[PDB]
Each structure stands twice: as structure tokens, then as C-alpha cells.
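In C-alpha cells, one chain follows: the form solved without S-adenosyl-L-homocysteine (SAH).
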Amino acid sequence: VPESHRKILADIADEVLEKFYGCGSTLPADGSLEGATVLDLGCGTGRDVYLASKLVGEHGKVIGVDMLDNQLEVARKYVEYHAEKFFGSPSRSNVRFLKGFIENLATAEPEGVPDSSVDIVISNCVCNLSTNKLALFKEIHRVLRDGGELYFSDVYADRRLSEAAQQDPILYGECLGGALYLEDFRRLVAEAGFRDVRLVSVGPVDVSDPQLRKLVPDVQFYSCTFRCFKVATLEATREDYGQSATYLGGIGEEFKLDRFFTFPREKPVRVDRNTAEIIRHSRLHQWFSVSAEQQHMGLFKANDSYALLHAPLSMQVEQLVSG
């Protein structure tokens, strides 16, 4: 748990923390959340929704969605509690909880999530239990505004799992059985409208149980945090238009966009046009200066890892996990 989050979580209601299921949804840099609308898919008792409530502040909004009746009951019980805690009055909540399948946010109760209404969609380990991944990614694309991002952690494989592995109930329940091969994931989210997948962090996921392991013998599983921006002008490729971007400060000493792009305060960093357009059209434009496009110069190479930058997603992940 990040240090900045500890103080906030210490103010969240015991019952919310005690009954919260799963790992916390990882969040973009705290300062970048100010005034944003955040949607947590699979919100449970609302631990992450309440954490985000404080971070987005009074001008931001947070929405949680879940289909677990009894978790949502807990979440809804504490709307006033956390409005008092964070904003000085029980009437000043910026959160709401909706009941629905994450594969159809338009039919959630008591209200659906509108088109183009959300800045950041967050989630942890929800995909591999989804009954329809493509439908889910399409829904996420629909609710995001232009410049918004899906910033999420899930489990992926370095190869395609066998049918036997995909049918196993213990692997299923562990979020392993439903894991996609990283290249299949890339193609699926591209079909949904997400043209550029950025790797934020990656850790290994072990399957040591010998019985289960026999179903996935040489598979390497990874926990990956990706950010996928909805930006109309993105291309499938990372092209050089001679641009630089400079982080202006205000939301940390540096801004780390992904494993390839770190922006020190007030220093220019050369960027490909997709990265430029992400900064310009997303909420990040508030803290950045991005130079004008020049003539196309070909593929972007002005990065100390440019070869990996253009490599398949499996190569980025395997090489960045460690060593």
C-alpha cells in the first residue's frame, strides 16, 4: 500500500475494510486524480471507491459497480460516513454504488453509466472471471470520455492455455484459467477500440501446486498493470513527429507515464506522436507542455529502449518483469 494511501485508509470504516474482497485497485498518480470521475469495476464493499473519493476531491466523482448484493449493501451504508470524514458534512458525498454486471454498465441500477462520462476506469483481477471479455472492453471504451484511460491490473499468460486448463474450476476461480495470452489480449482490446497498450508494471504469478501445474506445465503467468487511453488520434504504430513533452511539476517530482516514458520536472523528453496525443488529450495536459508536430521522421527511436517499445507485448512483459 502506497504511503499516501495509508492515512486515508486509516480513516475508512472498519466494516468496509474487513469485508472487502480482493486486492485493491491500483491508482494513477494521486495528483492526477484531482477533479476526475473514476469508475471501479468490481467495487466490493467500496474500499477503493472511498480511497478514490478523497483523492479526486469535492469536484471529482467516484462510481463503484458490483453484482455482489451483500458487499454493495455494506458500501452503500457508508456514503454519509465518508462524506463526513473527507468533506466535513454527511450531505457532501461524491460517490455512488451501482448494481450490475460489468459487461453491461448501461443496465446498472439505479442508473446506468452514460457514454463518454468517465475519466479513469480501474479494476483488479476482474477480466478472467468475465463471461464475455470483448463485451467488457467495449463497455469500458463506451463509458470513457476522449482522453480517459482504463488503468487496471490483471493476470495474463505467455502462451495460450489448453482446453483442459480452461475447464479446470480451481484454475478458473484463481483467475488463471481464464487468462489470455498477452498477444491475444492485445488483439482483443484493439477490437474494442484501444489502439495503444502501455505497460505500467509487471510481476510474476506462480502456480506451484503440482496437480494444477500439470494443466499449465510451462506457462508463465504475469500480473500486469496496463493503461489503455481512449484517444481518437492514436495510431497502431509509434511514429516520430519530432516532438518533446515536458512535465511542469505539481503532481510529484517526476511523472512516470509507463515503463518507457519517465518525465522529470521541467526537463524535455522526446516522445512519439501517440504519447504526445495521450498527454495533450487526457487530463495530463494540465501538467505538461507538448511541442508542435514537425514533419514525419519515421518510426520513433529517441528512447533508450526503443526496440522493446515497438516489440510485441509479450516481449515487453518478459523483459521488464526482471533481469
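Here the rigid core means the biggest group of C-alpha atoms that line up within 1.5 Å when the two forms are laid on top of each other. Residue numbers count along the first chain shown, from 1. First, how it differs from the form solved in complex with S-adenosyl-L-homocysteine (SAH).
Each of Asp119, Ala276, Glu58, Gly173 but one sits over 12 positions from any hinge; the one at the hinge between the rigid parts between these two forms is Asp119. Fitting C-alpha atoms of each rigid part between these two forms shows the smaller part swung round by 11° relative to the larger.
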Given for the second form:
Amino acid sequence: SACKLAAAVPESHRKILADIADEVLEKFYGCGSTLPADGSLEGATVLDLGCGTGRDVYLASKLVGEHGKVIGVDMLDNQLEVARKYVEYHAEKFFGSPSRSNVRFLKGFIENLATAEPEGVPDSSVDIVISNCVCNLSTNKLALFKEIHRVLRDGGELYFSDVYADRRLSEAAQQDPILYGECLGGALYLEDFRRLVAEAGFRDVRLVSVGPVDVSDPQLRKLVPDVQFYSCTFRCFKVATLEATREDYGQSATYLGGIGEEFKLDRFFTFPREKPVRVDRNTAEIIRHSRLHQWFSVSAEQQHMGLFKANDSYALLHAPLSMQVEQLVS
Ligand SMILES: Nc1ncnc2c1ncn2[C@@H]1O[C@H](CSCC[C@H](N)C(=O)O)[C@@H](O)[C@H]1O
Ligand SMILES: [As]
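Let's compare: the form solved without S-adenosyl-L-homocysteine (SAH) is above, so bring in the form solved in complex with S-adenosyl-L-homocysteine (SAH).
Starting with the chain above, the whole complex follows.
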């Protein structure tokens, strides 16, 4: 019904999740994973938008390690006061519990984290911004995405899970608070998403995972007849030199190990240890300016060879976003 792990949980996250307070997991309902299984998180500052009971906040906590930091934001006392419960519990995980926790919880609206109350979230403080089945619920999406842009460091990354549509919803369906409350009503047409995040400073969206979402309950399915709701997990890097098109300047880039046998960046790129792999300029700028430069040697720009076609799905790479997400999902 939208808000439920609409894919399997990744392996590494399971080991952890076992150890997460069961209360936090009874409650909790987002479409799939909003946190990489890269291994790329040690020492990061992660912010969660609409964190609720803090499932993702506490999973991030273990992932970042004792010396990274997590900040869940949520608008509701009732959701926050549940997650605050287990700060100390989950400090066992770091051995020295009642003291060793990274996490903290701010109360505020995600469209404005500068007024989040315990304390605000200043400009350029965050490495990763996550969210699990929450952004579809915003009222001013452009405002939200700009806000996210204000708060990431340069080379930082919006990496998040949310529910998206085949097509714009009818004027009617927009209004229905039942539909909206099931995290379907507010969901975005994939092409309007891309348009917005770009309007807001993110010109390069990359799709990690797509999930079938089905309304079944036909009291709803009437207002959205031919719609096909999705659950997509998207990374958008904050990097000033990205263009809206994946141009090719001759560069390869090579994963050096440190994490696993291979680093998998998106559906299109998989760098295994010490094997160079050709990339478009954006993909290079991402690696260079993000936290990734440390596991990554990256060739120099050369001559422009027009649109990047060095990939075996290059056709699709350049396709609209709707088409990308029909083809994966089939
Ligand atoms: N405009 C807004 N500002 C801040 N938080 C919001 C919001 N609209 C909805 N939320 C929060 O969004 C959450 C949707 S439920 C998802 C909670 C969490 N991501 C999980 O998977 O458990 C709720 O906890 C709600 O409090
Ligand atoms: As939801």
C-alpha cells in the first residue's frame, strides 16, 4: 500500500537491523532503502527528513560509526518521543552506551530545517540527506529541494527513497486526504521530479532502485485509474559543474578498493577493484568532488566526443526518467 519495504532489505543492513529496538521497527513504514550499502558512510554527517521512529536514523548511526553523526528531523512530537526513547539503547553498538550516541532529533518542518527547534541546521553541514517515503508529502516541493541543496556540503548527496507516479494525478485526486495520507496523493510525476530538483540546483539524478507499488484497495484505485505508482531510490549530488546532459570527455575512472570487491554507483556503473571504466564528465565530477575521491583515481578531461556512449545501456542512460524506470521493472 506504498509505505512498506517495496523491495528486499540489503544484506549488510540486516545484520544491523536485528539489533535495532523492535518498537522502532513495529512502527516504521517507508518504501525501500534510503541508505547505500556501498560501505561509503564511515564518519559522515547524515540528516533524515521525516525520520519518524528512527529506523533509518539508527541504521545510519551504526553505519557512520562512533565518529560520524545523525540528525533525524520530524514535525510530530509523537513520532520523535518514540525515537528519543532508544538513544542510549543504541549506544550499545558502540560499547559505552549511555554517552556514546551520534544521533539527535530535531523538531521542525523538512521544508525549513533552519528553524528546527532544539537547534537549526546550518548551511553546508551535511554529507548525506536521506528520507524514506516522506517527500511526496511536502506541500512546497521546490522549497524543500532548495532547502536540501542549502544544507549539503559541496560534493554531498541527496540519497533517498520515495513513491513516484507514471503520470500526473488528476486535480481531484490531489485533494483527497485519504489518498494523500497513504503517501500516494502527493507523489510526483517522474518528469516533474527531474524538472524540480534541477530547478533547485540538482541537474543530475541517478536511479538506484525501482519498486512496483500497487494500490489494491479500489476505493482509491478509482481516482487513479491507469496510474502506475513506483517506489524509487534516487541519488542526487550537490556539485557545481554538473550539466543536465551526460557529456563525454574521454575520461575513465578506477575503483581502488577499501570497501568491497566492487563499488556500484548506480544502475549504469560498476567499478571493480583496479579495473578502469569509461565515464561521462558528470560521473567523473561526482567521484572527484564527493566523498568518493578517496577510493577513486579519475582520468583527466580530454576532447569532447559529444553524448556519452561508452556504456552498454548508453541508449537508456540518456532516456527520459519515466522510460528508465519502466525498463527496469519491465
Ligand atoms: N511537512 C513535514 N515536515 C516534517 N515532517 C513531516 C512533514 N510531513 C510529514 N512528515 C513526517 O513524515 C513521516 C512520514 S512516515 C515515514 C517515517 C519514516 N521515514 C519511516 O519510515 O518510519 C511522518 O513521521 C511525519 O511526521
Ligand atoms: As509513506
